[PDB]
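A.B. asks: Take the given structure of chain C and dock chains U, R, S, F and L with the ligands to it, following the hints.
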Amino acid sequence: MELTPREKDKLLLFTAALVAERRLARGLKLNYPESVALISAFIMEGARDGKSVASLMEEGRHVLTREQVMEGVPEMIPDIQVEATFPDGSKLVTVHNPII
Amino acid sequence: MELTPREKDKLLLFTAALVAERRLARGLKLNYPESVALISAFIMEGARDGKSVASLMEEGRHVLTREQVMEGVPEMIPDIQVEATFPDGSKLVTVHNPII
Amino acid sequence: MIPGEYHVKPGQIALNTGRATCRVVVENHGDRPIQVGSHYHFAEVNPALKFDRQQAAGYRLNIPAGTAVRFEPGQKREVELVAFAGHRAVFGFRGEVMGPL
Amino acid sequence: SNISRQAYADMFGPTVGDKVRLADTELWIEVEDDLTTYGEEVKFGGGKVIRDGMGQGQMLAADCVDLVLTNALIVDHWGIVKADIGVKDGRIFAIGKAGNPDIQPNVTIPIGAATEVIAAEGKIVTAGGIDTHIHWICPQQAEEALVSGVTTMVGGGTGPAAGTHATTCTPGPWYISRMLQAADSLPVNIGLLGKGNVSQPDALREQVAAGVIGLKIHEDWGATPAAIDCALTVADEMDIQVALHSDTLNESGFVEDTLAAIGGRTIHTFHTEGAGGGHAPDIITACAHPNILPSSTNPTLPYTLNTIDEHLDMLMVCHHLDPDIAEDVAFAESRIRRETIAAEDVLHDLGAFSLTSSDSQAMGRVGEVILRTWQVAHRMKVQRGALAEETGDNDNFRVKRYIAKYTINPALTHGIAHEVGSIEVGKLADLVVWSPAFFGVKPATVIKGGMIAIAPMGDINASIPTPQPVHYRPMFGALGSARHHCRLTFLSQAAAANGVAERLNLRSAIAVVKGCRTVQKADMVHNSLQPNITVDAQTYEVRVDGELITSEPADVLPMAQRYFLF
Amino acid sequence: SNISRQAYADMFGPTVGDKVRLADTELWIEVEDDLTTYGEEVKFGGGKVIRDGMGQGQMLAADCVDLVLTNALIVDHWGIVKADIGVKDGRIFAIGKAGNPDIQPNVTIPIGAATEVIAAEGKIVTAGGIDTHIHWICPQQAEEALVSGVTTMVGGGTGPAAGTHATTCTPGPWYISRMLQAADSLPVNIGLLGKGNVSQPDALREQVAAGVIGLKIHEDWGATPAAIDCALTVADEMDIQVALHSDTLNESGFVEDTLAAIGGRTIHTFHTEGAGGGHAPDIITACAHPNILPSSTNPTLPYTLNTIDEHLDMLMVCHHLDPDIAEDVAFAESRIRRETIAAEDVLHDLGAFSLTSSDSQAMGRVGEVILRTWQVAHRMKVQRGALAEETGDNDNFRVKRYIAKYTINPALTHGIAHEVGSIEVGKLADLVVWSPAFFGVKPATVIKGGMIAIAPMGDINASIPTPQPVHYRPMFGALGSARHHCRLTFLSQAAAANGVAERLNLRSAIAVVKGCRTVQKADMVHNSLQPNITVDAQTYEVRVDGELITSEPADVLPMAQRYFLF
Amino acid sequence: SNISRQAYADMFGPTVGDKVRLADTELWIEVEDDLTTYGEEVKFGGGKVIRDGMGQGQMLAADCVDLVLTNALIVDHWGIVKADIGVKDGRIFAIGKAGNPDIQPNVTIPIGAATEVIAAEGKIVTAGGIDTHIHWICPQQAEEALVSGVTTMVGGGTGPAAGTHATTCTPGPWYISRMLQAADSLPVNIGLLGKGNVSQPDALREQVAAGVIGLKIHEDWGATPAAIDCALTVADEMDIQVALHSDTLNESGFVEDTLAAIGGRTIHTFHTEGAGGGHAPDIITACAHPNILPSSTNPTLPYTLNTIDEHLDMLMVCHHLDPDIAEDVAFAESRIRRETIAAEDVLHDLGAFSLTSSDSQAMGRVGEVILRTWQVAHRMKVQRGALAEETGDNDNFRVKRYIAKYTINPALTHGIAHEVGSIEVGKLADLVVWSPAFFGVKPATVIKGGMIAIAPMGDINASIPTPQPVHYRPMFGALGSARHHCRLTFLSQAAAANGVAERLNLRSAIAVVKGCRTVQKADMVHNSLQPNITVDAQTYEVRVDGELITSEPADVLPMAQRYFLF
Ligand SMILES: [Mn+2]
Ligand SMILES: [Mn+2]
Ligand SMILES: [Mn+2]
Ligand SMILES: [Mn+2]
Ligand SMILES: [Mn+2]
Ligand SMILES: [Mn+2]
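As they're listed, the protein sequences go chains C, U, R, S, F and L.
At position 10 of the first sequence (counting the first as 1) the number is 22 in the numbering used here, and the numbers step up by one without a gap.
At position 85 of the second sequence (counting the first as 1) the number is 97 in the numbering used here, and the numbers step up by one without a gap.
At position 66 of the third sequence (counting the first as 1) the number is 67 in the numbering used here, and the numbers step up by one without a gap.
At position 478 of the fourth sequence (counting the first as 1) the number is 483 in the numbering used here, and the numbers step up by one without a gap.
At position 59 of the fifth sequence (counting the first as 1) the number is 64 in the numbering used here, and the numbers step up by one without a gap.
At position 453 of the sixth sequence (counting the first as 1) the number is 458 in the numbering used here, and the numbers step up by one without a gap.
Simulated from the structure, these hints should not be mistaken for lab results.
There may be inaccurate statements among the hints.
Which chain S residues face chain L? A few, computed with CB under 10 Å, are given here [stated by the list, open to error]:
#: 1; residue: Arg-10
#: 2; residue: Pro-144
#: 3; residue: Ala-171
#: 4; residue: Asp-189
#: 5; residue: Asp-262
#: 6; residue: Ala-331
Beta carbons are placed, not taken as given, at the ideal position from N, Cα and C, and that holds for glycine.
One chain only, chain C, in its complex shape:
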């Protein structure tokens, strides 16, 4: 595999996302770290599929809604940022006010 330190770091984000994903499934209102991990992991798989940066900056705002997270959480996340390997290399995706 020859995993570099960054690929190993993203495995942490992915695992954190599995935690949140399971909880959302039980119908829990996600907390701060859970929300971030869930939306961040969404975008990474977006890049893997080959979606463009512009497409993801939009879709990222429709992952979790205000009624799916705890009180105060949406305001604690003014934006979400993550980088992934798109077909044209690493790119930065910034999703503004992901939770509405």
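C.D. replies: Quick look at chains U, R, S, F and L with the ligands alone, frame taken from chain C:
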């Protein structure tokens, strides 16, 4: 996310639990580390849901039975302990003789 | 309930009070845009901005600290300047004074 | 010109009169003062103020600060003010107005070429926490504590051994020398406690001469009146502090006998409520004496729904007790009292208990000292309303009273307040930057001796430091020699004189403890109450002046499930 | 006897005339020469050649190399040849024919008892990369960069602080001394840059005397003509390099004013294209001057489909700008130009831009300097075909031109080419072994000062080092004292004379920078073009000699999704 | 009073006559003796014995131990007894009865204020393992080995390089000096081996003078009779050990020629069975000679169902062989023989093979040396029943014979038995505490030089050290200077005299090897058998005195799937 060292450590317990969970699903008799991870992860999600310490100290003894683990395993685990963030903060859950 | 929320009382803040000011009409004669900072010695801005440099001596922009005023090519506008304080010693910029005044 | 108060706050942080909510609690602070000159605030960025000839001057290094924290909202025992913080030579230089004297007015903190900048606008700056109840069971505790905002750790232990699991003691010269050497590898200021349970003074003096800044008297090693008196005699002659975990069994006498053996000499009582140990069931009455400096260990802070259920097993494991041995289980139960647990919360709110500590991995959580102190504050506001000392419509006094519990008061009690404990000029630059939404929970920046030691950090390969995943990673202030230069190893005056740092070849900065014997309950900042407190030998009820003291258990708390992944 | 060319390549790697594809790109290299004697190749293994009395001689340590890399395919600015590499005393000993002179012919690199062996047959060996645009935001950047193949890191910073987020500056003596000390803990050669934005020379001299090998002039600290002229004066008198990030706002004047203030004195322009900063919109015209050493930061390399969309937010965060403040958003947009971004790719292909750097975590990706340089090379071949200098049916010249961008050229520009930058005898042994399928992406071995510092490593408990999981783990060359002995801390001549290494008690090897003022555009290996380049003030179009310069954005690139897990 | 034997065992661990099962194996040990005085056992905890004036005395540090391990069940080559272990100055002080002489009888190990306590009741204490066959491929091997219970590591290598992958050799002065320096960063006692394959003595002497405690003769570097004789000559004159991996190809002669070149001089034969290398197919016959100290590498221990299938590919990768080159695959196959693999297990049970080692990442598993030795013991009991030397109904003798294989015997063979290898007074305190259910698999505590270096550790933030997740984390004995003070770097007498430790500025304790030439097969504790063993050149059958030696492959083993997650 701003994950502290402890939140990152629990990601290890969670991942270890995914391993055991899949094996139990294939119908294998779980071993020592597998059993511990499976019951420990059960209790953490218990806290996440908001179950009380007292409730979990009980339910924790009904996760795996003597016929679901290898020989000698139940005796190797006189008790199981794990801490999680309950709605009223971190608390310690001790399950005595979890496997019967 | 919003974690860490502010409860700013309503009203306004008067900036740089009790200090000499003056208005100056500035025109960008350059072909490229020019943006000036709040604490930049106005008298030493880009030479393409046409104005009475003599009046802007020892002055800076009377705008909230950290903000700027942009000038698109050919733009003309009146700005308000406020006098430098402290030691009134200007060092740097285009190196036209490099000392007190 | 003119700018609206809202836009002003969004740009430079809140000013005089604005209120801020601490995390998701009910506690509100209000800016009491602002040391800036409106329109002259220093801000860093492209086209901002801090630039050559503008907010940055022409002075040499010697004439300007090394690090400036711009537009900081300071929260300290002495005030809640908005100001710029200057740092020079690893120490707090000044609290004032930063900038260039050449063109700006009232500049007290000069910014020059040699000045690094940290933007603190919209953030809260506090001193680093000080935990005086550490069990050195594992070195990983330092990172956990540093991330929570505690920059100084005092305690004892040799690692995961029976003695250390139960007590805060680094037994003897060899283990002391070894821990003093290992301390160099840790990113926090450290001070060791030796085993004070002996009736031969020379056995205690050697330990102090070997390097401990205090002596722990623990019942597991025999907290008899002879042992107590012995430790206090040596403490008195070497200017070191004594921490006590009294006789829970009442084997040598009751609480009054222990108090009598102490004989009005200064002493720090650990977990004064008793659940963590102490004469059953009234060790809590000790907070009434002037020579007693009382503290609470964190698992009982604050009184909640699951506190009791949790405690019994926790007790057993720590002290190597046997659940099958009747005497071992009866003495564990005689230690857990709903009555005293509820009273402790209130006694804190009043200033009867003066410190908060962890008791790391021995009935305490190393990274929850700050977090729990604020949870107690919140619950007390909710239940008891404003304090008699409050002025204005805010909780400013309750914040000064509670922050002092894990900052200045612990520093005074152990004789290191001359070096750390608060944001005052001359003190080491151990500061913590917080975002209002994460106050007391997860810090934005943790500064040690003038260098960032740990901070949230995103993708190392990202184009900016903010992309996920963001989690705490060690910075330069925690690396090799930079770390040594930014941390302190506290020694006893004797060890310092004996040249212990030279012999062990310790690489970090050395600081000496002094003033441990002269501190008293009255010196505890905002927490000097000596109540006429009584405990009923049967019902365990706590009463102050005859009135009953108590509180209700919380079902949900702030700074909990909203911030943690697990 | 006789052996077919194919079987020969499978056994000893490709020989003269064979071609090799670089990773999954369209770039092909062809072995230009082979220094071996056919039939006399040294190979290690059971029953192989390198054995006592055979390929190994009887000479003492002093008379044989310490480490030999057998059958290596060398790719360097000077050639693409097949040879054995010898390493002695942590430095490149020779490039020739290894073996035992007793029984073998033409042996130039003697193998003895003291000789360790690294089998490089079928691998590509290159010098370690040199990133001259580092933002010391976090120490974790060194591991990330080392794994990518960059062995030297120059830049500035004090950690995750506002100043460092935006600029590459280690402000003043205290922070310099601290970083110089912390550098010892890092597995890469390091050199610091101080804050050069001041109009008082003594404030700059102190920093150079404190240890910096250069001065960064950044617009966030005020890149005025006075500041620029000041830094250049001190640079001229202390033989240090100046890196510039010009005035994007045109606040003090246009690009021509900056050029005039520079006054024909040597200088390194960071991100000369401008997206990463610089006079809007023509800072790119600087690559036309002889005293300018131009470089590109990596996020704009190469021009692709998502480049633009990505840049706006990235700009904001790095420079502490406000998306709500109109002036802050207009100046960010005036910085991103499709026109100049496309032209940059071509200007590299021509040799107008001479360096590639990261700009780590401040609009740059620390571990993608090498990876992106090759992605640009690939795209340029695809779009523009062969270069005018190509000979034969291969891309050998384009490879020499591009590899020099992150190896020798950066080393010349910062005055450390006497120590590193290429595979030449006498230089420190900072080499990187690559498997042809992973060239530029994931290295097989990363050697530092003669010792392997990091390498892919499988199951530590496995019976062989190859079982999964395989990921980069630190080796002996990155451990304590071995690390100190294998790395360099570059000092300024002044700091060296002042005995700074003795005072700070630095443990690593010390190297001094020299020749920073005398280098010019013409000295840049394979990248010395000075084009008559113009930028249209309105349309932002870039033209060289009137002809329009441009390229198309790539939708897919090599060395991307085929190699990474995320 | 009186207490039942069961309740006694639950409280203080098993006493004389009780039996204990080792993990999940069929091996039973029986307490041969108990050095306590019934009713006077020392126990630590709340209200327990070890308290001031009771089980703890008034004596100064110099007159009491630093660390006491209470009620330990010692398992060593010399006995299986119940006693208290005392540790002073990092060394084993005494094995006796701990307590306070003032009030207790027969106290040989005094407990005072300076005494730390480790509760070992109900645990098994053994000396730390010693692996004399390490390939320094990566530094991560030390943590893996330390966690398994091996406190000393001898071998050679420079990291992940071809030479090290195949052989245990640290080639020459430069690489030796570098490894000796890097060793300081490791939590285990270390000793290096140089490349002994040379026919010029001065080339070997330099290496010994540079610091190696032995010389490895490996066939990959040419194990010719000239090379062998040369290494043995220098060994004889410098008191260092020689480890041999003979000529598998029979290129220079057969096993008898090698034996003849050795000429009755002391030598350590690695993997004497041959699968790991050696004259095909009878190198195993070497165990019959008195000057030969034979050892086995772990992948062939014990003979199981998958052993053979696994070996072929493993062989190829380690020695850089080619599966397409016929000669390379034939020689790999001539190395794997079911016949000799089965015989090896039995030869161990008899005491013909005297050591067990790993051969880390070169046909060996670094963390399975102890684990496999016990798996062999178990299988031999199951198949062959009790040994002729057994007395009573237990496996006490088989345990003493097998534990000596990875403790004392390796220590004698390499001349470091004066420092480590067993639990005897004066030896360094390298001890390992085990819970009977995890014996040989996962240790409760691993002590190094008197300080815990690694141990299972739970939630760092928990209220006790037991909550999940529990996994091995480094403790204080593995931190900076404490580590240096608790570990040894073994040097050759020559290097010691030359002041190598001063020149390289090594920070750890230095120990010197001696008595390498005088040890012989007869000195191997419990493993001194010299059998009249023969191997059939065709059928590969092993015969001792004409009788056929063999065993059956196991399908399931203990200390395997019941304890591991993967
Ligand atoms: Mn206690
Ligand atoms: Mn305690
Ligand atoms: Mn820049
Ligand atoms: Mn930059
Ligand atoms: Mn071998
Ligand atoms: Mn080997």
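A.B. asks: Are any of the numbered hints broken by this structure? If so, which, sorted upward?
C.D. replies: 1, 5 and 6
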